[PDB]
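Starting off, we have a lone chain in the form deposited in one PDB entry, written out as structure tokens.
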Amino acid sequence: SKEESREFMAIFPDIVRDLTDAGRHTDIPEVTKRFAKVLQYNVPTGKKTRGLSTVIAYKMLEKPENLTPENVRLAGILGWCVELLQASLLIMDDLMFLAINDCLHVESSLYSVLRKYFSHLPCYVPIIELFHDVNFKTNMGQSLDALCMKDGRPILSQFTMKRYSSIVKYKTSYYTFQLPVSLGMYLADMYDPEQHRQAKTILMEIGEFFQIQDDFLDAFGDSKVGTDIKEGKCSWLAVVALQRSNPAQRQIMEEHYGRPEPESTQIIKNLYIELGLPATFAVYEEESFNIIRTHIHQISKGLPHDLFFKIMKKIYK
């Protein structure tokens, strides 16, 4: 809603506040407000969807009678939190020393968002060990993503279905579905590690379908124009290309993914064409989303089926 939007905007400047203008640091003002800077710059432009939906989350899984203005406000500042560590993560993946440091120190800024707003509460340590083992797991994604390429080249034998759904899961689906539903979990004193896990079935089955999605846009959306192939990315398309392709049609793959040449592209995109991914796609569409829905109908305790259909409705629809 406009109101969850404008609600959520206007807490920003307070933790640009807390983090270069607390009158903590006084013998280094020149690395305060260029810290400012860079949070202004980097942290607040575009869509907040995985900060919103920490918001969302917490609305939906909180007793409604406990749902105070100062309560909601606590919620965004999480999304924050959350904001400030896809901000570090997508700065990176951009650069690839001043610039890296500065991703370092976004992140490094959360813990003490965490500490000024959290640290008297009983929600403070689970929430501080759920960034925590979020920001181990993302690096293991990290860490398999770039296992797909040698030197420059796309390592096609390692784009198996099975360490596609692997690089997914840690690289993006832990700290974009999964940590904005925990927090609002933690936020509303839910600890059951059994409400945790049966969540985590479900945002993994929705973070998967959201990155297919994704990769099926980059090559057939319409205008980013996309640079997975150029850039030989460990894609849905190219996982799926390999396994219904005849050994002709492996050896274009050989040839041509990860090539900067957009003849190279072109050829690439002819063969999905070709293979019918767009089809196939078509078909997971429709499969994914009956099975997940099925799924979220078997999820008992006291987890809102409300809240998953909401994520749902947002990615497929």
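Take the two forms, find the largest set of C-alpha atoms that superpose within 1.5 Å, and that set is the rigid core. Numbering follows the first chain given and starts at 1. First, how it differs from the form deposited in another entry.
Rigid-core fit between the two forms: of 107, 145, 218, 205, the one residue whose Cα shifts 2 angstroms or more is 218.
The two forms, fitted on the rigid core, differ between the two forms by 2 Å or more at the CA of residue 274.
When two forms of a protein are overlaid on their rigid core, residues whose CA moves 2 Å or more are considered shifted, and residue 32 is not one of them between the two forms. In the core-superposed comparison between the two forms, residue 263 has its Cα shifted by at least 2 Å.
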Contents of the next structure:
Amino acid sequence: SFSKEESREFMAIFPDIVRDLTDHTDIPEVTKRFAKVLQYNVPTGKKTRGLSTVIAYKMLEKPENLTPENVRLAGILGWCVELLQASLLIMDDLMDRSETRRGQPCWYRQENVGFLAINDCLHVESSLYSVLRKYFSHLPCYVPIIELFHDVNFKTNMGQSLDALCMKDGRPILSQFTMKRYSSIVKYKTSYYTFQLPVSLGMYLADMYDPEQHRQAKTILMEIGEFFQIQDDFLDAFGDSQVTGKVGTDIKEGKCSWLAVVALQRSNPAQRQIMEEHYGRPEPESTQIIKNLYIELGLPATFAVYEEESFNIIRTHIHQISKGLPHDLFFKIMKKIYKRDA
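Next up, can you give the form deposited in another entry of this protein, since the form deposited in one PDB entry came first?
Next up is only this chain, free of partner chains and other molecules.
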């Protein structure tokens, strides 16, 4: 349901994650510093992935099996996803040369961090397998959960690589900016870790190992992932940095974003040359010239129309879900993200 009481239930676990990873008695300098890394980077987001892990479980598990112990375990799995999100955001902000994350200067920009952000990134990722070891190592779901986290990370790395290959020799490859390429990027970059991981982690905690059941969840959770990333791409250019918590860099970094794809689809020959000349430039005047074209092409209105159609199209596909999977779970995910401004 994504309610005040669940947000308070979830934030109550976080102190214990910090204690489990920091409280290696011969290097207190580093354990104390890693508490700061966790405190800064892990808990200040919307925590949708982590809260979806708990909601997924509660709606897949048999009502009679929903003990306070079993709910807490779903809470700890959640925070393991947020640990992965944290690691990915530390790296992403370095690679995309971002200014602000979640309302604060990006970790790598801070006084004595810089490239040390690369090590923190890797440290925050490996720390979740330590949390998994302490709480799940005596449960049937231990190996499958470990393997899902390894597979999802590998797939997320490939997403991030395909995302980075938008530029060669300082200029974007606008000829290759297709909706086919776009769909491949968000599938691997976003959908696997953001949407599949929480729901699958819910299924494994409930002992739901049926391959066809996971396959039915995957198909709709990929559609939701695409829908989600298109929202992120819109906000990067037209969002309020005060509300979103970040300054957009998609245009400056010359990303194959949903905006850039649709811009090219609808551009006249003079508008295409603008894109050629000014897309993916370090100059502020170029970024504004591109945003001005985006405005000119009615991409705000175009996004808003798509969002509403896509919401309805996805809902129709959720009503057709089979293999005894709960519909409401997927309606509840869509309700939480539909028309978001952060």
